[PDB]
Amino acid sequence: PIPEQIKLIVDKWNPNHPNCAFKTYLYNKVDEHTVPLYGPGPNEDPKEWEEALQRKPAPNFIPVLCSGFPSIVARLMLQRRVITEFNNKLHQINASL
Amino acid sequence: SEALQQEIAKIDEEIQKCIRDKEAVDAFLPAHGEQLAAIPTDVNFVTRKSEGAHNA
Amino acid sequence: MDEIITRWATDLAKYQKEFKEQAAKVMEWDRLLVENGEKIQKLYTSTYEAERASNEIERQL
Amino acid sequence: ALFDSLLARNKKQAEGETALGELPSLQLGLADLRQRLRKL
Amino acid sequence: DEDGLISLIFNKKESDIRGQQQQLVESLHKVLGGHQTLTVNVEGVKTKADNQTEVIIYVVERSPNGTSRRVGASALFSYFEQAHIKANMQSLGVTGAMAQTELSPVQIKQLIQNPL
Amino acid sequence: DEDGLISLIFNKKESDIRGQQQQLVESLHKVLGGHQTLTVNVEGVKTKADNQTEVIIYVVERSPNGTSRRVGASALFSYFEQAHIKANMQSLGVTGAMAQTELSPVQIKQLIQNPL
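Residue numbers (the deposited numbering), protein chains in the order written: chain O3, 74 to 170; chain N3, 245 to 300; chain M3, 467 to 527; chain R3, 141 to 180; chain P3, 214 to 329; chain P2, 214 to 329.
If you are wondering where the hints come from, they were derived from the structure by calculation, not from laboratory data. C-beta atoms are modelled at their ideal positions from N, C-alpha and C, and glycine is treated no differently. No incorrect hints appear here.
No more than 35 angstroms apart at the CA atoms, straight line, and that leaves these computed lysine-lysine pairs for DSBU-like:
{"#": "1", "chain 1": "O3", "residue 1": "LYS80", "chain 2": "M3", "residue 2": "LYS480"}
{"#": "2", "chain 1": "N3", "residue 1": "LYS266", "chain 2": "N3", "residue 2": "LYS254"}
{"#": "3", "chain 1": "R3", "residue 1": "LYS151", "chain 2": "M3", "residue 2": "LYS508"}
{"#": "4", "chain 1": "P3", "residue 1": "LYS225", "chain 2": "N3", "residue 2": "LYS261"}
{"#": "5", "chain 1": "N3", "residue 1": "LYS266", "chain 2": "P3", "residue 2": "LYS261"}
{"#": "6", "chain 1": "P2", "residue 1": "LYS322", "chain 2": "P2", "residue 2": "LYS243"}
{"#": "7", "chain 1": "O3", "residue 1": "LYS120", "chain 2": "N3", "residue 2": "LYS261"}
{"#": "8", "chain 1": "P3", "residue 1": "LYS261", "chain 2": "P3", "residue 2": "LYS225"}
{"#": "9", "chain 1": "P2", "residue 1": "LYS225", "chain 2": "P2", "residue 2": "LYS261"}
Okay, the calculated beta carbon distance ranges per label pair:
{"#": "10", "chain 1": "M3", "residue 1": "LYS486", "chain 2": "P3", "residue 2": "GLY309", "range": "23 to 33 angstroms"}
{"#": "11", "chain 1": "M3", "residue 1": "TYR510", "chain 2": "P3", "residue 2": "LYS259", "range": "28 to 38 angstroms"}
{"#": "12", "chain 1": "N3", "residue 1": "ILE255", "chain 2": "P3", "residue 2": "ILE298", "range": "24 to 34 angstroms"}
{"#": "13", "chain 1": "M3", "residue 1": "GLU501", "chain 2": "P3", "residue 2": "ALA296", "range": "25 to 35 angstroms"}
{"#": "14", "chain 1": "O3", "residue 1": "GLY114", "chain 2": "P3", "residue 2": "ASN224", "range": "39 to 49 angstroms"}
{"#": "15", "chain 1": "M3", "residue 1": "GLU501", "chain 2": "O3", "residue 2": "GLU105", "range": "15 to 25 angstroms"}
{"#": "16", "chain 1": "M3", "residue 1": "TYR510", "chain 2": "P3", "residue 2": "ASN224", "range": "33 to 43 angstroms"}
{"#": "17", "chain 1": "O3", "residue 1": "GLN127", "chain 2": "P2", "residue 2": "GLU215", "range": "52 to 62 angstroms"}
{"#": "18", "chain 1": "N3", "residue 1": "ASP256", "chain 2": "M3", "residue 2": "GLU484", "range": "10 to 20 angstroms"}
Bound conformation, chain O3 alone:
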């Protein structure tokens, strides 16, 4: 049972999604009528996708596949990119006031 655990660990630490063990879904908001799009891709289990859609926080949200660390880094990247936009708009409001 040795070369199985090894392969399973090699499988765990990987973006190929053979039970990635870094499987978390993040809900990205998308206004209608774009809900019909998305639409996962290569290695998405409809089980995980539907189970994500099942416990939905609010409508017009689509789940997003975060496999491992580069994905959560990317999510952060976006979060900053929106941070700046937020601050900017807020400052606009401030200025007009």
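Chain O3 is fixed; fit chains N3, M3, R3, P3 and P2 onto it per the hints.
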């Protein structure tokens, strides 16, 4: 023992290489965290100044 | 050689338990972001209204 | 800036002017005011 | 966004930036591919600290019909943040960058859903 | 634009145009300078009214290396609209001309900024 001792090296190296990314996440958090926590305090402030103008 | 598999599996579970937390934290942050965003939009509306009203008062005077 | 505008309004309030009726009102506060409130 | 302004922070003193501005502008032109259809313009230069300088740029692109317009800020920022381009920028002393366009909620949602 | 097609309106009956097509084509060749590196081709002839005929042409230009290609429509139209050339064209009975290329906004802006 060569293929094995090499394979373990490559594997452990890859894992360590992944943990570097994990650490990379860990590093970029607190700053971004402050930035995020800053927002609600401002919008909760600018919303107040608006109320001032409206009352004015 | 088991002493290596032990390290691998321990590290795995250890860093999994942390990755879950990070992800969760990110999610919470997203919630915060949209939750505020709605309010930002409300501020946009309220502000535009104020602007129009001020312009009207300007016209009146 | 809300409370600020409340002050500012209540400041400009008790300060004139020639408006054919509305003269500045004297401010009370605390001791006299509580009783003035109770006498409502 | 149409004004195309990108702010860059350099880890260099203002006098050094201004003293070699021709060279700096051409290096930025090279990072963009160096074609004669793109021209880097400096909007402003401002000291931020002893060894920190902000340089605001935009890029004018010319069409095959001779028409010119500024590259949109989001498009230009997207190019500069690509990993290969960012690395080249860092070699010129760039330590940060910012666009002025306040993104819409849907744009922000798209960036978060597809951070790459 | 690469198809090089220019439509010409003639104040002549179709039968007259077709009846002397060799001569008409050579006169257009002469207007272009008459060199052996340019060849006028007729793409089509269509009656438009009793004494109005549309003639669609293109011009093939040969390079010193023996290669041939069509003169671009915009380039050919630009030549024919020059005041001296237009006058020569009018002497052949041409009362109008059109290119098919839909110009870009930047091209249109350039033409308006520099109408000459």
